[PDB]
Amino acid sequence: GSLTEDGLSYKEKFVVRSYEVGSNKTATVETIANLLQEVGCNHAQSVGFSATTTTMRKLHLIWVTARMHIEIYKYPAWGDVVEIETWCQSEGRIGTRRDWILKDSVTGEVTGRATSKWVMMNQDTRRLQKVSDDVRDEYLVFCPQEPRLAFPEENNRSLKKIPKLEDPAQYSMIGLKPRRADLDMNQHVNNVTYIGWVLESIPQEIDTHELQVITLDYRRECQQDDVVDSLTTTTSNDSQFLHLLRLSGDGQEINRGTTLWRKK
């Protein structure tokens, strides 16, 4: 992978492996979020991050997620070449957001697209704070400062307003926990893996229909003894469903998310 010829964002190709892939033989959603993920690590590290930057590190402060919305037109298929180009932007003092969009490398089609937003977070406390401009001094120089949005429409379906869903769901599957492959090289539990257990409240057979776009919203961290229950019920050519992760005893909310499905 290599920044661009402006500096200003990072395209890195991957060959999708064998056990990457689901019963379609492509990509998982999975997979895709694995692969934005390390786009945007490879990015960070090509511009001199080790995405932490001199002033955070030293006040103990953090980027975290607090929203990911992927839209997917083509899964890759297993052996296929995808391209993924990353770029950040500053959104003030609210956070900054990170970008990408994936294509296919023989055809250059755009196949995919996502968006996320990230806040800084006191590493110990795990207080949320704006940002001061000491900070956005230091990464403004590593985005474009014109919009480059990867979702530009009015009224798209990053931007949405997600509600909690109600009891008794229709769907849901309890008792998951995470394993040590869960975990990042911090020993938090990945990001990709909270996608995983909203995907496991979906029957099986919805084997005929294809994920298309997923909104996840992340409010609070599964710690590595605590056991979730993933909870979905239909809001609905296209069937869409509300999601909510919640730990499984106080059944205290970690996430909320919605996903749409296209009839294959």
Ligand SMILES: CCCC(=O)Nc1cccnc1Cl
Second form
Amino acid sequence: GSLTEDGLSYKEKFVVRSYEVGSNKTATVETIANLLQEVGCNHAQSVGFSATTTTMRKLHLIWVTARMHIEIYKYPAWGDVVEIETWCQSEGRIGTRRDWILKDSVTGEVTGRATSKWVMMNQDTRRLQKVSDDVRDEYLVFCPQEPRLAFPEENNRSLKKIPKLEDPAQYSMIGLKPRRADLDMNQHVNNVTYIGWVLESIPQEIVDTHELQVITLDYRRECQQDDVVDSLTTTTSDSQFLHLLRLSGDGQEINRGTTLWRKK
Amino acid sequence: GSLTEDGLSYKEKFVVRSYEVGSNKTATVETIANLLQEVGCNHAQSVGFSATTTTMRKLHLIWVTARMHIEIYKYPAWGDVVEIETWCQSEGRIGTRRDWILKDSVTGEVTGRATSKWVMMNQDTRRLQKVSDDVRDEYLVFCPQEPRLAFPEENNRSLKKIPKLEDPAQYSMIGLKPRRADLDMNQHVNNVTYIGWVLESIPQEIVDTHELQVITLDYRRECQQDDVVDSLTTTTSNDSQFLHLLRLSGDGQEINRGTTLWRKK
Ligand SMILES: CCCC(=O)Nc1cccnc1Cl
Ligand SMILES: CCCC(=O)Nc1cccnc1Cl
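For comparison with the form solved without this ligand, kindly provide the form solved in complex with this ligand.
Then the entire complex follows, led off by the chain already shown.
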């Protein structure tokens, strides 16, 4: 992994591992999401963060994901090398974008792209805050100033509003609980676990006869180590689904999302 | 990674990733067990298996894990490079052993060791059989002929008999279910998921104040993708030892038993 020539993006190569692949012997979307998260962490490290800056660490501020958007054209095979490039960009005072492009190291062909929206909130109160000008100056020097979008197109899937699934759901997987392996180093549920939980309510028949092309996920509230999630899915159509994760008991929303699947 | 000079072992280097680490910012024992499985697979591929030989594929036979044994002296940190060497050895008609040594790439010091016992099974019927000569000969040419043991010691903990936990358990975690991420490419539950499930019944207190030194797991039955598992733990002991049982949440059919040993941080 390294910063590129101009110091405004970061690249890393990954060999797909035996346990990272599903039934077609290609990388799961959960493997793809872990590697986007790993290269994001390697980019923050390379520029002095650890993703808090100077003013942020003082007043107990953190970056948190509001939304993840991933489009995969081809899933890398077991043994294949994927190259991931990542960069960040200010969205004014509303927050921050991290973008990714995935390439076949062998062909140099683009095999996927992802984008994400981050907002600042207080670690303790979990209250959102429109970013301060003193915080931007610190992190703007690691970002391209001209716009660089993994998803440039005006009216594109990555920015569409997602509605709330209405009961009854067509499909459901209930009583989902995280184990220690699902937690990060600060004992919060890792963002990638929610992607698995969303996909858990897709019927095995869809997964067997289709490949996932697009996943958009809104993050509304964290699932704690001792919470229990219900995963709900209704067909909206290629196959398209509407998704909802909510706490098993009171039915408090934690995530909503959509997926688009192509017949193999 | 690559086969060594003599072609009787395999070495691979792994950089520890952000999401592979726990509260201590060092690799979890599940991350370690995944890397052991990855380097085992890279060793099989290197010598032309797929971990079946020619005869095995004809007779619908497979290697399956009967027992896993991991001892960790030091968990590598986020960003550390760890080097793993692995080899196999015949235990005659009984089955085969795969051993591992983990090293700090920087110091070259031994940070861990592991050993596993594999037996030959019919894929379909699940009925064990002793290793035949025709099969023995095919894989014998990829194995050191003189003994090479990760755990040479005389009365060593990798070989101890493991008893059945008696109800009531001191601790339990109920209604454990695998999701798709827990499954391998043939849609069987990954052996490493059982390790996580065993550890789920250890109180957070022990994990916060101790480090896992040793884990021994017997594999008795597979958890199907529509099974539900109960994890049971009783303290058997500055070192804490536990006895472990995984069973199907309904009829209480045993899937696994094990022991762990923890030392205070
Ligand atoms: C939360 C998204 C921002 C982030 O991960 N921080 C970062 C790291 C490296 C360079 N530039 C930036 Cl903005
Ligand atoms: C589970 C049996 C051990 C195994 O994976 N087989 C193997 C692979 C490479 C070299 N030699 C051998 Cl015996």
